[PDB]
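Novice: Chain residues, written in single-letter form:
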Amino acid sequence: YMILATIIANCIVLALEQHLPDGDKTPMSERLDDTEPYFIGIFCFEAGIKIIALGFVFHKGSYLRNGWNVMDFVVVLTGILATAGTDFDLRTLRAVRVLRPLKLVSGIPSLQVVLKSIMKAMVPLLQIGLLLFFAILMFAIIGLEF
Amino acid sequence: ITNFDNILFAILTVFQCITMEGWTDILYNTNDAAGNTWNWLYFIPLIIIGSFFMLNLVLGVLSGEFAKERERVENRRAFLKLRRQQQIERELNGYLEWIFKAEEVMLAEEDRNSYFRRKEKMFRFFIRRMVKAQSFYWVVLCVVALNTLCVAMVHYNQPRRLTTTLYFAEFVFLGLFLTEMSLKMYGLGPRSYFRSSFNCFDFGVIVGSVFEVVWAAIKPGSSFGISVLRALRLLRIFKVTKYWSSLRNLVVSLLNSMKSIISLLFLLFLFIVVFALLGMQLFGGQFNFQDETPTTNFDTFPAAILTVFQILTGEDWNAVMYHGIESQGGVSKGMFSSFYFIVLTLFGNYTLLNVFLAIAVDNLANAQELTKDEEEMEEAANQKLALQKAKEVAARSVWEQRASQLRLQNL
Amino acid sequence: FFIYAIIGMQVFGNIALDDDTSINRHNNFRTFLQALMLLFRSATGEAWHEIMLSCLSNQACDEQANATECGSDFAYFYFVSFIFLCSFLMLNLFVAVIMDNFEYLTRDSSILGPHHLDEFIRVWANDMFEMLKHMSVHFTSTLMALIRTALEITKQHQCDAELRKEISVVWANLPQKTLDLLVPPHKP
Amino acid sequence: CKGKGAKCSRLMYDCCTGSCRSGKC
Amino acid sequence: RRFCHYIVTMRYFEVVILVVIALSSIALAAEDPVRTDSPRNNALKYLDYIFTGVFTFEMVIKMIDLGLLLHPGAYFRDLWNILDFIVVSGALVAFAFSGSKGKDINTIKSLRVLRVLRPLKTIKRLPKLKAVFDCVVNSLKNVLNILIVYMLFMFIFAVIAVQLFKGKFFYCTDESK
Amino acid sequence: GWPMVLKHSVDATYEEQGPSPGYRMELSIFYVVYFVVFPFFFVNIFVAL
Amino acid sequence: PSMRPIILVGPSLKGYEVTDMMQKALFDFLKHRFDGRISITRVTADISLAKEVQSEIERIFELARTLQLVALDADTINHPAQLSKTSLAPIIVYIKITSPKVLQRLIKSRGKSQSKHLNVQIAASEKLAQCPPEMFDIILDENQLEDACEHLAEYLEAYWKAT
Ligand SMILES: CC(C)CCC[C@@H](C)[C@H]1CC[C@H]2[C@@H]3CC=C4C[C@@H](OC(=O)CCC(=O)O)CC[C@]4(C)[C@H]3CC[C@]12C
Ligand SMILES: CC(C)CCC[C@@H](C)[C@H]1CC[C@H]2[C@@H]3CC=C4C[C@@H](OC(=O)CCC(=O)O)CC[C@]4(C)[C@H]3CC[C@]12C
Ligand SMILES: CCCCCCCCCCCCCCCC
Ligand SMILES: CCCCCCCCCCCCCCCC
Ligand SMILES: CCCCCCCCCCCCCCCC
Ligand SMILES: CCCCCCCCCCCCCCCC
Ligand SMILES: CCCCCCCCCCCCCCCC
Ligand SMILES: CCCCCCCCCCCCCCCC
Ligand SMILES: CCCCCCCCCCCCCCCC
Ligand SMILES: CCCCCCCCCCCCCCCC
Ligand SMILES: CCCCCCCCCCCCCCCC
Ligand SMILES: [Ca+2]
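Chains as they are written, first to last, in the entry's author numbering: chain E, 99 to 244; chain W, 294 to 406, 462 to 742, 764 to 780; chain V, 1610 to 1734, 1747 to 1757, 1789 to 1805, 1812 to 1846; chain B, 1 to 25; chain D, 1140 to 1316; chain P, 1366 to 1414; chain R, 227 to 277, 301 to 412.
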């Protein structure tokens, strides 16, 4: 429950950020960026707990053997890497910070059940996707011609 | 951006026509560039084969998948439990009717021979017949229809006599509905008043109406528009038709699965939030190049979430795509920011349909089997009752047929 | 579409083509083809309300139109009724085509159907063993027997009686021995 | 609120009495 | 004469009436709305005179055969017959009022629009189109109990929208007043 | 043309007053709740029924 | 007796509010329906001992002598087997609660004193349910008062036509 509390607080912190045109920054943005290491530390703390209590891959039941805990590991690892002092990291490693709302699903199993109920009916829609892309491609070729 | 200068540009324009968003802007563009005599042959078959035939395919596949899911062992068990509890609720209502009639006659024979308690209980019991008669129901419906009529003549520049008239009529109707709520409490009790789902809704609407009256007393300008919800009591007119069973069972299924409808509409909210955060990351503070920031920008989070919602509703998503392509450069180098909107309108116009059609198909079907099963058990009980009482004196829709076949196969 | 196109032509035909309105030179009611294109544009929901507002009363009339007052407030009913009528009819067409194939939309892989018969036709290229290893009086009789194996309607004689009853039900259009040919093939 | 024929942007929706079509109200 | 009217209704009359309706629909598609004084409009006006005559003849044939409204299984017992009355009577009334006098203007256009019901004859003259129409009407009856709930919910939403935004959607041409 | 109606709805200040852009953004929930109900839920009820 | 007396076996042991009121409702429907044709009386004596108890037996015959319908409010009769070995040959009408848990909710509905005793009531309902249909001259598995009352009244009209 405290992990879910930190995830919700992180969602609120992300929803409280505001972007300005040409390098300007709201005064609250500095506070919302100084509150980042707390969330990073808590997420890495639960990652460490779940990696030392469970296995990694070897037990066949472990952290990296659950698809949802792989997302948590990616989020926390990119959060760690978002303070590497390099030049190109800001544009992307801070754009994977948007998956932290999905940690709510990764923590609430009923949400995972409902998400599987959603996404299991979309597996037969992949053939409709192939048909749609084939029609789009044929009409694109005709538009190129004409 | 909307040109056929390349296969990627052609695919982008064709896909934007598939979503039927500004597909006539491109058609008009090819009517100016070339002759307008043959351009409808490219685009009207495009719309028919990409947005009407493919939407038909999607609906067919989703309906088939929902039908197959419905007749599956766990969902079948859940529906069997739901039907069991509805059966037991009807039985309990009948038996409580037995006991209430008996308690009434016992009170009468006790009084024909604690006096204050006896008189209070007799008055309560008279109210309890009063709140269940087919005359109190019609009086309440007439009062509601007069309250629906009053709120329906509120226009702009209504006569200054009408404003005060409807003010005092709102107070009168609030008094009448508090009277009705109190009478139903007294005749039925809080334990049995809230058994009905409509009664809980009405109580909630009465509380909201009182709160709105108080708030308008505090601020004479504000209007929450909650007193208008007393017009949903007009749905009680269905009680005197043959349509009561199907609509009541639809509401019963909605209430039963409401723990899975809230969880469904929360995943939509979570995905909208994820796409709003991604939109702020990509196009945050960058829609100011046009010399003015649009209404559908990604700067603040409310604005980003409203823009994502508007792209989900599929209105002017192509205009936002053009603005987000130009914000990241232009047609020259910012055209790889058009995958955000492509993904958000594929995985947003099909998950919306998936979730809401799942809700609608599941609950409407649950209503259909509920009402059909209760009708069939009514007639079966009547016929068994006939053949036992006389002992002692001496089409279907394709969905239902396929559902029966699927149930047989899964058994 | 035809009825609404003719109504649009008659009522809304002589409105002046202004490019700053939604009755364009591209989107007018001036001909049957153009009116029908406008109806298909509104069927797909393409700013149909702006067209309706451009069709309301007190619009500028065309230069070569005798009537000075052109456009009517009938456009409200016209466009609203067209929108939900087209939506209802198109959804009825969708549902009719859907339920016309509902035994295939709800198809389950395990239960045998037309795919099995097409596969058995492809088997033509003994081979029955290989096919059954690849599977979920010469060939038609084997088709009937394998359909019997697919679903069960001595027990052999009772099934033969069932098949004879079915043959009587679905006796072909004046065939000498076609269903009776199946019965001679259903004997084994 | 931009008048008829005024240069507008689609996403601005400040196109009173009409809509921003081809960059013009 | 009723036997003559009966045989006139069965001497391959249905196909002739279908051809007349189809040709009249084509004529409706061909008219020029913007140029009311076109020669094409004059030719189509003469064609419409011919078609109105044919429909009046069929109309009186059905009058004599079925009888107006007295007994069951007669005219005006099916709404298609009332629709035929509407089409024919509207055409005739417009022709009577089409004296080229210029006294009234708005009426003649409406009575000309009244012709568009002409293709809707085939929906009865063709039994399969009638079956499809009956299927559509059955669907509309199936969803009629949810159409009322839909309209009620949209009515509460519309009244809430009025109370929220009544009189507030006003503006100046300049955004400063 | 629903986002233009949304813009007019939020910008609306008071009875017989001109718009003030950005005012009353809480009234975007009326249109979010409306879309959740009629275009999304009720229309899907018709399709399913 | 001349005609068989009317004793009703309730869903649960008598003397409890659920069975008491349901049986009393049936009693009062009968006293209104067959006024001038039916007689309802209380039987406090343990008539399951039949073979003070003997005095009530002769009284039962006495009210039945004049060909009036006789109704016994026997408080101790909670099973048809209690009247199998008697010479009363009564009519047995079973108020049957078809499903147990609705009866459970019924009992829990009656205040909180009735809620104190429950196991006795379910075992009574089950024990009466195990009995064969033939023993129960008329079965009342209905849930509607109008339906059950009309059923019993129709049966009693047929029986009166038999007498
Ligand atoms: C009656 C209950 C069951 C709901 C049914 C709704 C409609 C049948 C009725 C209810 C009151 C009527 C409205 C009452 C007052 C208005 C405003 C009125 O506008 C004006 O009078 C111009 C402004 C002025 O100068 O007063 C036009 C009719 C109208 C929309 C009426 C339209 C039809 C309405 C909505
Ligand atoms: C098989 C069924 C579905 C019939 C097909 C539908 C017809 C009702 C429509 C389809 C396109 C229509 C045509 C569209 C264009 C006009 C132009 C009009 O004459 C002109 O060419 C205008 C120039 C002039 O004559 O001055 C004559 C009618 C016509 C052919 C229309 C006749 C009726 C048509 C064939
Ligand atoms: C499947 C949709 C893909 C959309 C991406 C389009 C990218 C095309 C732009 C790159 C090609 C060079 C264009 C330079 C001149 C306009
Ligand atoms: C020469 C005029 C320029 C534009 C010509 C476009 C005509 C389109 C060709 C027809 C393609 C139809 C779609 C294929 C499926 C029906
Ligand atoms: C099932 C869909 C749920 C979507 C919920 C979010 C939609 C957008 C909400 C916009 C709220 C704006 C509030 C402005 C506050 C200043
Ligand atoms: C769901 C995945 C969406 C990912 C969207 C990728 C967009 C990245 C930006 C496109 C390139 C912009 C170049 C100029 C940057 C200032
Ligand atoms: C100058 C135009 C004034 C308004 C004329 C038309 C008013 C609206 C007519 C609506 C007809 C509705 C029912 C007809 C079809 C059933
Ligand atoms: C600007 C004057 C007010 C409008 C006058 C005519 C009213 C519009 C006709 C009513 C059509 C109702 C549409 C219902 C569609 C189902
Ligand atoms: C007289 C007809 C009234 C309208 C009844 C149904 C209209 C709504 C149907 C919308 C279906 C559109 C296709 C499916 C989109 C998901
Ligand atoms: C505003 C023009 C509407 C065009 C016609 C659409 C609906 C027509 C329905 C006609 C019903 C005739 C009587 C029904 C007989 C069963
Ligand atoms: C600042 C006060 C207004 C807040 C935003 C609008 C609230 C109203 C939302 C919708 C209420 C009616 C719901 C009806 C559901 C059937
Ligand atoms: Ca649009």
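FYI, nobody ran anything at the bench for these hints, they're computed from the structure.
There may be inaccurate statements among the hints.
[As the list claims (entries may be wrong)] Here are the computed distance ranges between Cβ atoms for each label pair: (1) W:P338 to V:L1665: 31 to 39 angstroms; (2) V:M1708 to W:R508: 55 to 63 angstroms; (3) E:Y136 to W:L494: 55 to 63 angstroms; (4) D:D1217 to P:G1366: 37 to 45 angstroms; (5) E:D122 to D:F1309: 33 to 41 angstroms; (6) V:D1709 to D:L1279: 29 to 37 angstroms; (7) W:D298 to E:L188: 29 to 37 angstroms; (8) R:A411 to D:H1210: 48 to 56 angstroms; (9) W:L526 to D:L1279: 36 to 44 angstroms.
[Unchecked claim] The calculated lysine-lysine pairs, modelled on BS3-like cross-linking and capped at a C-alpha distance of 25 angstroms, are: (10) R:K357 to W:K480; (11) R:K250 to R:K357; (12) D:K1280 to P:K1372.
Note that the Cβ used here is the ideal one computed from N, Cα and C, for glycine as well.
Novice: Where does the structure disagree with the numbered hints, that is, which hint numbers, in rising order?
Specialist: Checked against the structure, the hints that fail are numbers 6, 12, while the rest are satisfied.
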